[PDB]
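Just one chain follows, in the form deposited without this ligand, and it is written as C-alpha cells.
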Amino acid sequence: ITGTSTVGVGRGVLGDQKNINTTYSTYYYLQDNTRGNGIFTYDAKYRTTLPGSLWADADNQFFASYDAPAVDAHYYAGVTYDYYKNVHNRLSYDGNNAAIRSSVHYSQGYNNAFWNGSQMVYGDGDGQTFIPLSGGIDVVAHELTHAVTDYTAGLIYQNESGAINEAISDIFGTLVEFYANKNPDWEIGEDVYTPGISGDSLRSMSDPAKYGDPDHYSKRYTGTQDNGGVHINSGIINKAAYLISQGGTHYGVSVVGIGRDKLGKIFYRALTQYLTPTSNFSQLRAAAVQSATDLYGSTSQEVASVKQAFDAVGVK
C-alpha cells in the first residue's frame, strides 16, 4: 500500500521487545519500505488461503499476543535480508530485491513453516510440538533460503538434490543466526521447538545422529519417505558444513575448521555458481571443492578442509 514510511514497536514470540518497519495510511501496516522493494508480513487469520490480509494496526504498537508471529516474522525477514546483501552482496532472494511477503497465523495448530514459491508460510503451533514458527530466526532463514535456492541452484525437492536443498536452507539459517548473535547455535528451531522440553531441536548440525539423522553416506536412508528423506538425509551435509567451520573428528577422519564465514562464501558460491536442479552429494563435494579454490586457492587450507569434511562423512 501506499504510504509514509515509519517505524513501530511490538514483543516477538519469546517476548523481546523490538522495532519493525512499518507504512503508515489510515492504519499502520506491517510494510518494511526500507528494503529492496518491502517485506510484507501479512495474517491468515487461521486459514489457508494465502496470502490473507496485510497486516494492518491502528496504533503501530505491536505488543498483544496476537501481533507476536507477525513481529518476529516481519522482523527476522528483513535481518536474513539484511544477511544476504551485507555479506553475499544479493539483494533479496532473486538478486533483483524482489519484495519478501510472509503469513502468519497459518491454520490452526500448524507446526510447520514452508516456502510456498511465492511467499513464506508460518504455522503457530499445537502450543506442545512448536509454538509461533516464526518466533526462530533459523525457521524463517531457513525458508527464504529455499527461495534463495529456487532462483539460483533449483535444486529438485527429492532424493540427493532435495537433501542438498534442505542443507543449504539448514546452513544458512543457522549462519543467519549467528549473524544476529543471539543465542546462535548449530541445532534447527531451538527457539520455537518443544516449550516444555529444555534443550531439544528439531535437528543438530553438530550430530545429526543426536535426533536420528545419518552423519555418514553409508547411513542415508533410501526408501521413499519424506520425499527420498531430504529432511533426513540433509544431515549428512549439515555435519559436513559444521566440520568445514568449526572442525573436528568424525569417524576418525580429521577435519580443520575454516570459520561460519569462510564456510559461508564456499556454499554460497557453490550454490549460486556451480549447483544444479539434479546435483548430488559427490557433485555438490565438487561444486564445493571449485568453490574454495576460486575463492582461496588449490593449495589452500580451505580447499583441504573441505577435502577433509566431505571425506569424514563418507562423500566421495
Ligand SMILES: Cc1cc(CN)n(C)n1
The other form holds:
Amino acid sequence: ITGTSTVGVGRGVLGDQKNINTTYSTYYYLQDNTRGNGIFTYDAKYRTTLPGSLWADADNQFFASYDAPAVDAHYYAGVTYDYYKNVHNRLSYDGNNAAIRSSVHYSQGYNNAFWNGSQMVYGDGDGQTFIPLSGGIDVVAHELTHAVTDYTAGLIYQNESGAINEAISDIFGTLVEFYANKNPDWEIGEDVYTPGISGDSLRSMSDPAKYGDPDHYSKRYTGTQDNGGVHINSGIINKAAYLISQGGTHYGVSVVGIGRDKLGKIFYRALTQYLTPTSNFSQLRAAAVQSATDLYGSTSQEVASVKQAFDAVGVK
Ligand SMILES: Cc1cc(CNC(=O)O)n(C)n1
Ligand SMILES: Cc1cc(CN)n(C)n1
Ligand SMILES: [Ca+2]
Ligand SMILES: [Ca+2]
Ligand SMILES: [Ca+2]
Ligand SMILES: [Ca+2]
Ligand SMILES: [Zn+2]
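Now that you have shown the form deposited without this ligand, what about the form solved in complex with this ligand?
After this comes the whole thing, all chains and molecules, with the earlier chain placed first.
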C-alpha cells in the first residue's frame, strides 16, 4: 500500500525481540520499503486461500502470540534479501528487486512451508512436530532460495535435478543462517522442529545419515516417493557442499576445506551460470568445477577441493 516507512518492534517465534520495517497508513502494515520493491507479509488466517490479507496492526507493536510467525517471516525475508544483495550482488529473487511476499498462519496444524511459484507460505505446525516454521532462518532462506532457483537454473523438481534444487536451498539457507550469525550450524530446521526433543532437526548437511538420508551416490533413493527423493538425495549434494567448505575424510576420500564464503561463491556461480532445468548430479559436479575454475583458477586448491568432495560422495 501507499504510506510512510516506519519501524515497529515485536517478538518472534522463539521469544526474541526485533525491530521490523513497516508502513503506516491508518494501520501499520508488514511492508518493508527499505529493500527492493518491498517485502510484504500476509495473514492467511488458518485458511489455504493465498496470499490472504496484508498484515495490519493498530499500534506498530507485534508482541502477541499470533504475531510471532509474521514477525519472523518478515524479518528473515529481509535478512535473506540482505545476504543475496550484499554477498552476491543479487537484487531479490529475480535480480530486479521483485517484491517478496510471504503468508503465515497457513491452514491448521500445517507441518511445512513452501514457495508456491509466487510467494512463500508458512504453516504454524501442530505444536509437536513443528512450531511455526518461519521461526527458522534457514527455513525462510531455503524457501526464498527456491525462488532464486526458479528464476535461474530452473531445476525441475524431480529425481536428480530436484535433489539439486533442494540442496541449493539447504546450502543457501545455511549460508544465510551463518550470515546472521545466531546459533549457526549445518543442520536444517533445528529452531522449529520438535520442541519436545533437543538436538535434532529435519536434515543434516554434515552427516545426512544422522536422519536416514544418503551421503554417497551408491545409497541414493530411486523410488517415486517425495518426487523421486528430492528431500532424501539432497543429502548427497549437501554432504559434498559441507566437505567443500569444512573439509574432512569421507569414505576414505580426503577433502581440504576452503570455507563457507568460497562455497557460496562457487555454488552461486554454478546456479546462475551453468546449471539447467535437467542438470543431474554429474552435471552439477562439472558446473561446480567450472565455477571454481572461473573464480580461482584451474590449478587452485578450490578446484581440487570441489573434485575431492564430489569424489567422496561418489559423483563423477
Ligand atoms: C507443499 C510442499 C511442501 C514442501 C516442502 N518445502 C520445501 O522443500 O521448500 N514442498 C516442496 N511442497
Ligand atoms: C534420484 C532418482 C529417482 C529416480 C526415479 N524416480 N531416478 C531415475 N533418479
Ligand atoms: Ca499490535
Ligand atoms: Ca542454528
Ligand atoms: Ca540450521
Ligand atoms: Ca527439536
Ligand atoms: Zn525445499
